[PDB]
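Omission of a single protein chain aside, the complex is shown with its protein chains in their original locations.
For clarity, chains are labelled A, B, C, D, E, F and G in written order, and residue numbers in each chain start from 1.
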């Protein structure tokens, strides 16, 4: 969820079948990508991918995608116990984000099992863990994320919105926070 | 930096590509850096415009993260929070999202545990450990120099002496010169 | 890349600031990257001029290192060496400093253990493990596609079938299209 | 000895007493430096420091210096058991590279002990470990570094130099290597 | 043991030196072993008398702990709980302190999430992951043998065949003999 | 709090100043102990110490004491950030458990600071963290320890005790648990 | 090669299909064993197995065998990259030590591949690594093991044996060592 490299943009130096090399500031970044994302990319031209940076004791890796929503879905898959980055990429290479989303949403285990490395029991854990996972609400969420409880988060938010109808998401949040700081 | 060491990425500047509620993406040299930030810092930021945030880089076996702030003082305060046992980066960000640096500073300074407990994840006993550990920690020529010496390992006593001698002999002395003169003497030459 | 995974820095390009005998410093965006390289690769490099090396990034708990080479094939060969148990980055660099990629390739291919043993740190039993592990490993439309599928986890049998079907239906097929068509079928849709 | 970031160049954004911030490509790099190196630096101007990058499980740090020789001396200090980066920086902040070099060379333990954190027994281990440590030879060394033994390294080198008097360090090394590949 | 591997200390027997509410100390060979146990298991234990508990040994970088139970089945159930992601030893002990093995078994078997949620630290979504992962997991001659084969790596298909052949030829067969005969055949001899 | 070796009993083979060797079943266990605990021990005779077993990646160590209460106080000291086993032993070697207890209880920082390695700010963190730390209640605690909340723990307990006055600590706990299993 | 628990002896409390529990001094040790070794064991009776102790960050495990030679072969299998304890046990459960030995010795890859988890390329690495691996010599070896080189080891040994014909393995080694200490 929190990493450092959120995207890479610059000249495509190489399109392979499971990754691309994008040169930013003379540095050529290898970012792994599905064949679908890769097909939109042309060597010699400038591109931008939205990335998830993965840091392990013995590796550092970029996984890239067309948009933040797809990148966030990738991270979401990684939140399932037993689902690592390769598998998550595998899954998205077989089912594009929309299709992967609906499969999970509809609990389509047969679809899921079509992915190498996802057995039936694995498919089910995924569906179970992810089924539900695929102004006012965003704000409540931010508060919750900061540690606040749904109850109190909602109340500060409703009060803030009530007093100020022009409120944007950020202002609402800063007003709510200010009240919660009590 | 502050009571939380030395890191590599001290700031990121360039085009704001995205303002979310708990982070921004700032593009430097085609690289889009995610830096986590309070809603207060975030509000000054506009997508499509250039921005600069002063950052703390956090390195763990399984992650690397930037936390960003309007100024070095606020960034140093964040690092300072992390020096308390049981206070990690999320919580420290949490604390600063609820109380802006000035307010957080005074709370700690005044030992306002009630204020502190208003932060999700900070209980009363946690609040107190914080106040205790940080009360004196929140906040000239002669003093900065002594501190640099102390930081290098020198003892207050000897550090102050080298510094007073140096400043006595040279009244024009700047902080760096004073420090280099003091060091020279302490090297016993 | 090769039998040694996926990393982040695939190349570095910019001004050569220093050519030493076992590495060069290439400045990209004001950042001077040390990349280790064979004397052979180094000789093509001139300080003061712009260069580009294709790199393997190595990440360990206590280090981060770039190894650089003239082309992707040579870089992939390096990674391949690292896939042998007991062969680390220094040794692999050592091996390529003594035998250039082509020669190293043929040595392994021909199982030339005497050639191999000429490398400091490669004994006879080490040489043999290498030849054994790498003999078939050194080195189209249909085959690259099958391989990508296999890499994604698919079995040779099914991978070849999807691929032949795809190529049969579409003779204009490129490697990527073939792969996307094959994948689509394998998704069973 | 082998790390990734060998220098940082760009605009000085801040000079402190124990570090500087140098902005390269919009990225502000904190590099720790002695008060001596720091004094040559002016905020608002472009600078370049030669750096040692230090990577630990829980940190990544740049230590900067005016030249490669000084940076290499820093790394050399770290090769002594018990001498970490802070201490090494401490040592160089008290004795500039030349002076530190001579102290070690002359085994001046009293000088050495003037450094906070270096006791007499520590001073001695240092002197002992480092006393000796502060065309034809460079080449032999490269070969040795690659794993070759002094004996054979010297022989390939002498033979190469003998046959080609115009030989540069790199050519000699590539010729020697070629012979050694036998 | 169960879905939680292989360990070294499978039981401890000797004099009860102390019965507390969440552990007992049992002295074997002058060594006093602390073994953590449910209040239910603890109640059968009397200081000054000899006892034997069947244990799971837990080894972590910074700890070594014994958890003890009246029988192997209960101990195996504990290990099984630990196979669920997010369920550690304290929680598993917690769960068994609230629902005795039989009751815990049935709860999981019947997917009784309400029962499960009665356990501190088990939320509804946690309860469900448990039920899902463990529903089939709670609970002959031919079957134990097949399982041992499977455990050794053999596939159900081939494991069953070797086993049926073995049992057909030898009706007197015990579980071990069957397994050794089956193995012998599978070695293809 | 939970470790494996809770005591060692058998023949004293050696009494040193900072540890003893106690032989159980032909195995000679080194257990570190304060000079006070050590003085009660005689080589050639049988002894029993109550121990805390400490397991780290690169060591395994027994610390022994006359009784469980003293052993538990040792573990309690280790719960303070910055206080490791040596220091904790140091502290108890300077102030016996009772005295150490009261010092902490009375916030006697001067007393505390008399311990090598405990500065004033360290002394205070200790006092702060430990000041409060030195049938019905034990039961509530067990329940709380199992994860139950004070409120509900107390209620199950009071109800159990009310219905059964003969109740022992264990029975009360098993009855309470049974109700809480609902 | 060097571990702590070299055998366990005492009452068999349980014989399963993939392990036994042997109670020594009131402690019940689980030792994993092949079905062949297990068949010689009877619950209620005393037994002794020769064991390899395996220590990992997150586990400690005993693997037992009838004799030291079989236990040493197990450790030998573990010296192959890619062959862990389960697999090694698997291998010995399919081919008894003698048969496993000869298979490796004869490079019988087909035999080897009959083991679940051993593919052809795995089988070959094994054969390659292990083919050769299955008074005077033992002594030379001990010396070599201590770090001495074959040449010098043999010479000290021959000289020692020459002077003393009655020499046992240990005496020869102690005499040789004494000479080598020069």
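Note that in this section contacts are C-beta pairs under 8 Å (C-beta built on N, C-alpha and C of every residue); 3 or more make two chains touch, one makes a residue touch a chain.
K.L.:
In the whole complex, not just what's shown, which of F:98, F:117 or F:119 touches the removed chain?
P.N.:
Hidden-chain contact among the options goes to F:117.
K.L.:
Under the stated touch rule, tell me which residues of subunit G contact the chain that is not displayed.
P.N.:
Answer for subunit G: residues 2-10, 24-25, 50-51, 53, 55-57, 68, 138-139, 142, 145-149, 169-171, 173-174, 177, 180-182 touch the chain left out.
K.L.:
For subunit F, which residues lie in contact with the unshown chain of the complex?
P.N.:
13-15, 17-19, 21, 23, 25-30, 32, 35-36, 38-39, 56-62, 90, 93-95, 99, 111, 114-117
K.L.:
Go through subunit D and note every residue touching the omitted chain.
P.N.:
Residues in contact with the chain left out: 81-82, 124-125, 128-129.
By our rule, only the chains that are shown with their structure count from here on.
K.L.:
Pick out whichever of the two, E-F or C-G, is joined by more C-beta pairs in contact.
P.N.:
E-F
K.L.:
Between subunit C and subunit D, tell me the centre distance in angstrom, where each centre is the average of that chain's C-alpha atoms.
P.N.:
Roughly 30 Å, centre to centre.
K.L.:
Any idea how many Å lie between the Cα centroids of subunit D and subunit E?
P.N.:
The mean C-alpha positions of subunit D and subunit E differ by 57 Å.
K.L.:
Could you pull out the residues of subunit F that touch at least 2 other chains?
P.N.:
25, 57
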